[PDB]
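Visitor: Can you build the whole structure from these sequences, using the hints too?
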Amino acid sequence: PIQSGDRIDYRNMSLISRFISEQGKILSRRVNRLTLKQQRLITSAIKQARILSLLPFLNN
Amino acid sequence: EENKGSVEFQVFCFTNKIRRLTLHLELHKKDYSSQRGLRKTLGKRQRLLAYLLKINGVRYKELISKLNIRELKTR
Amino acid sequence: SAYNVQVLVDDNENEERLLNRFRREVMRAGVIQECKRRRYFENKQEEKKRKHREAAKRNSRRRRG
Amino acid sequence: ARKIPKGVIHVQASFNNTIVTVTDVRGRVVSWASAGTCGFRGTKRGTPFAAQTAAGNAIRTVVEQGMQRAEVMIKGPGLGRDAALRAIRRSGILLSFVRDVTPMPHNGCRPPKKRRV
Amino acid sequence: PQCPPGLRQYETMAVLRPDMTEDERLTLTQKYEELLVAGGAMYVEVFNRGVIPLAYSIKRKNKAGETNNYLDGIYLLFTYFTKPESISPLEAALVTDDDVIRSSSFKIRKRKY
RNA sequence: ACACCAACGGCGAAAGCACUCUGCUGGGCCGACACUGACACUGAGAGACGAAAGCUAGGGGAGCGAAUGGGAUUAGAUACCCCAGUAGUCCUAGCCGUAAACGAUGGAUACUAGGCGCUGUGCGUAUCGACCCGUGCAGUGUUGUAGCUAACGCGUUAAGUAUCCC
Ligand SMILES: [Mg+2]
Ligand SMILES: [Mg+2]
Ligand SMILES: [Mg+2]
Ligand SMILES: [Mg+2]
Ligand SMILES: [Mg+2]
Ligand SMILES: [Mg+2]
Ligand SMILES: [Mg+2]
Ligand SMILES: [Mg+2]
Ligand SMILES: [Mg+2]
Ligand SMILES: [Mg+2]
Ligand SMILES: [Mg+2]
Ligand SMILES: [Mg+2]
Ligand SMILES: [Mg+2]
Ligand SMILES: [Mg+2]
Ligand SMILES: [Mg+2]
Ligand SMILES: [Mg+2]
Ligand SMILES: [Mg+2]
Ligand SMILES: [Mg+2]
Ligand SMILES: [Mg+2]
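Residue numbers (the deposited numbering), protein chains in the order written: chain r, 21 to 80; chain o, 16 to 90; chain u, 82 to 146; chain k, 22 to 138; chain f, 99 to 211.
Bear in mind the hints are in silico, worked out from the structure with no lab data behind them.
Treat the hints loosely; a few may be bogus.
[As the list claims (entries may be wrong)] Each computed DSS-like pair below joins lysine-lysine, with the alpha-carbon atoms no more than 25 Å apart:
no., chain 1, residue 1, chain 2, residue 2
1, o, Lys69, o, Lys88
2, f, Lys208, r, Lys67
3, u, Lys117, u, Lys129
4, f, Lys181, f, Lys208
5, k, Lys96, u, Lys117
6, f, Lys210, r, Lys57
7, k, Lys135, u, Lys125
8, r, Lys45, f, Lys157
9, r, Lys45, r, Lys57
[As the list claims (entries may be wrong)] Computed footprint of chain r on chain f; a stretch qualifies when at least three of its residues, placed anywhere within it, have a C-beta under 8 Å from a C-beta of chain r:
no., segment
10, 151-157
11, 192-206
[What the hints assert, rightly or not] One-sided and incomplete, this derived list gives chain r residues near chain u with beta-carbon spacing under 10 Å:
no., residue
12, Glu42
13, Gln43
14, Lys45
15, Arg50
16, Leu78
17, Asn79
18, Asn80
In this text, a Cβ means the ideal position worked out from N, Cα and C, and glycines have one as well.
Guide: Here is the structure:
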């Protein structure tokens, strides 16, 4: 069903914001129905983006 | 290229990776994970040498004089 | 500034729907359980207890229903 | 004393008491209401009821200043989290936003131990 | 196509203050391109996306002592091939500048999922 | 000190290792004959590593908090609870070598039903790129047949059937 066909990075914000919560929390693998490999790569990505202020830790 | 499985080539590859590892072990002294590996590989090389000493005396002495390997502990 | 929960009240406002919307926002982020959790200190053991308990609770609630 | 049309209400709900402060967007405090300042003491001071009268008591002075719209700030795990909101509502003042500000460390100062009770 | 001969592939993002002109920006560009090429970079490929509001407010102190609080920012993107040895100074050299508010560099691995 | 991710998930010889990143490096596993040709397994002595508390020397000191002090509670309370709070916790360079250091299970090899799962890869299929399926390995988890056991239980990751060393 849902899948990643495009290279996932910290700069594809559309992608990463799918897998982020309203509060900017990272959603679990069981929810996102991703292979473990994927999920890890997402996670690190999100953190990197978070540091570069592409996505917020907390909200306004 | 030559024999990549030959005793003498292997012992070389080992002696070389060890003297290489030596610099890293000198710069970062706190890395025990790496040292443990060093001790393992040195063990391997020492084994092969003992083997080779059993099998061929000549090839052995030639080798440890060639690669500057310290003389054996059976003396 | 910062915020955890955002409840914006429109002008259709009545007290109970507002109160419960907010209540489910707090249930949704799990903030009160959170501050009952960080009230005191837990050794790694009560963390593994809490993880197994809560995770397998909501997980077996997902696999039964 | 100061007539301010729109401002913010901070309500801190702790387990032993709830404080309700009223301020304005300039980040300036106008008037506050504590559950202890209403003539409640240690036990009762935590009950959602004392929080109710605390909230009502602040909003008295805020309508006395003639203010209309407000934002609500809720900080802390205690009971008044839900109770105070009600009084904010029935006190007939327009509710703009209701936010939860309870601070969540992302890691940090190691909390006190567990009471063995 | 990209083909490093005994080099590592890299990406680097830099975040700069919004108060900058295009000439000061291109001067920075020029400068860092030169540090890379002076460090043994074959293929310096730079790309720019400027002026986006940040997720959050960041603070940068200057050499003039200014406290600068920002909201927007200038993102510079760098694909380049440098020896693993030479990546060392670059990062600090980016930290040290007052114009560069937030820097980060990543090694790039081939994706296989 | 590193929320969410986090999982009855990952690596590590064990101790342990998690915000992010880069660099130096240790292992692992898999597929191909490319090669050597028994070079194996174990290990008395010996060596290295080895939670936390502890110690020597220099830094550092927010929070927590032995000791200590006050407040209570109690017949008493040198305790539990509360208010304060020093060592210590942190870093550098060392010493100490002990833990329910636990799988309470030394190591290697061979061989003996399955069912349901996961992690890594490989193959064939599915499309010609993500699944998908069936399978080959390598590890990891839960039920359970034979057999074992004083019972509990263990059960291809044995506590089964045998061989070797400590
Ligand atoms: Mg109480
Ligand atoms: Mg393992
Ligand atoms: Mg490696
Ligand atoms: Mg032959
Ligand atoms: Mg011994
Ligand atoms: Mg020692
Ligand atoms: Mg210690
Ligand atoms: Mg002492
Ligand atoms: Mg204290
Ligand atoms: Mg006392
Ligand atoms: Mg204190
Ligand atoms: Mg030490
Ligand atoms: Mg012992
Ligand atoms: Mg024992
Ligand atoms: Mg499937
Ligand atoms: Mg197996
Ligand atoms: Mg079991
Ligand atoms: Mg069983
Ligand atoms: Mg037995």
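Visitor: Now tell me if each hint is right for this structure.
Guide: Results for each hint:
1. Only pairs whose Cα atoms come within 25 Å are accepted, and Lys69/o paired with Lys88/o is accepted, the gap being roughly 14 Å.
2. At most 25 Å may separate the alpha-carbon atoms for a hinted pair to count; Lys208/f and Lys67/r meet this at roughly 20 Å.
3. For the proposed pair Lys117/u and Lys129/u, the alpha carbon gap of about 17 Å is at most 25 Å, so the pair holds.
4. Between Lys181/f and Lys208/f, the direct Cα distance comes to roughly 18 Å. Compliance with the 25 Å bound is thereby established for this hinted pair.
5. For the hint pairing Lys96/k with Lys117/u, the CA-to-CA distance comes to about 14 Å; that is within 25 Å, so the pair holds.
6. With a C-alpha separation of about 10 Å, the suggested pair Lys210/f and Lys57/r falls inside the 25 Å cut-off, and the hint holds.
7. Taking the CA atoms of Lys135/k and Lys125/u, the gap is about 14 Å. The hint holds against a cut of 25 Å.
8. Between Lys45/r and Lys157/f the alpha-carbon distance is near 24 Å, which keeps this suggested pair within the 25 Å criterion.
9. Using a Cα cut-off of 25 Å, the hinted pair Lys45/r and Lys57/r holds, with the two alpha carbons roughly 19 Å apart.
10. Using a Cβ-Cβ cut-off of 8 Å, 4 residues of the segment 151-157 of chain f lie near chain r, which meets the minimum of three, so the contact claim holds.
11. Figure legend: the segment 192-206 of chain f, annotated as covered by chain r; annotation consistent (3 residues with Cβ-Cβ distances under 8 Å, at least 3 required).
12. Hint status for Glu42/r relative to chain u: holds, with the closest Cβ pair at about 8 Å, below 10 Å.
13. With a least beta-carbon distance of about 6 Å to chain u, the hint placing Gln43/r at the interface is held under the 10 Å criterion.
14. The criterion of a C-beta within 10 Å of any C-beta in chain u is met by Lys45/r, whose closest approach is roughly 8 Å, and the hint holds.
15. With 10 Å as the threshold, the beta carbon of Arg50/r comes within range of chain u, its nearest partner Cβ sitting at about 8 Å, so the hint holds.
16. Nearest Cβ of chain u to the Cβ of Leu78/r: about 5 Å, under the 10 Å cut. The hint holds.
17. With 10 Å as the threshold, the beta carbon of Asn79/r comes within range of chain u, its nearest partner Cβ sitting at about 5 Å, so the hint holds.
18. Proximity of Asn80/r to chain u holds as hinted, the smallest CB-CB distance being about 6 Å (cut-off 10 Å).
Every hint, counting from the list given before, is met by this structure.
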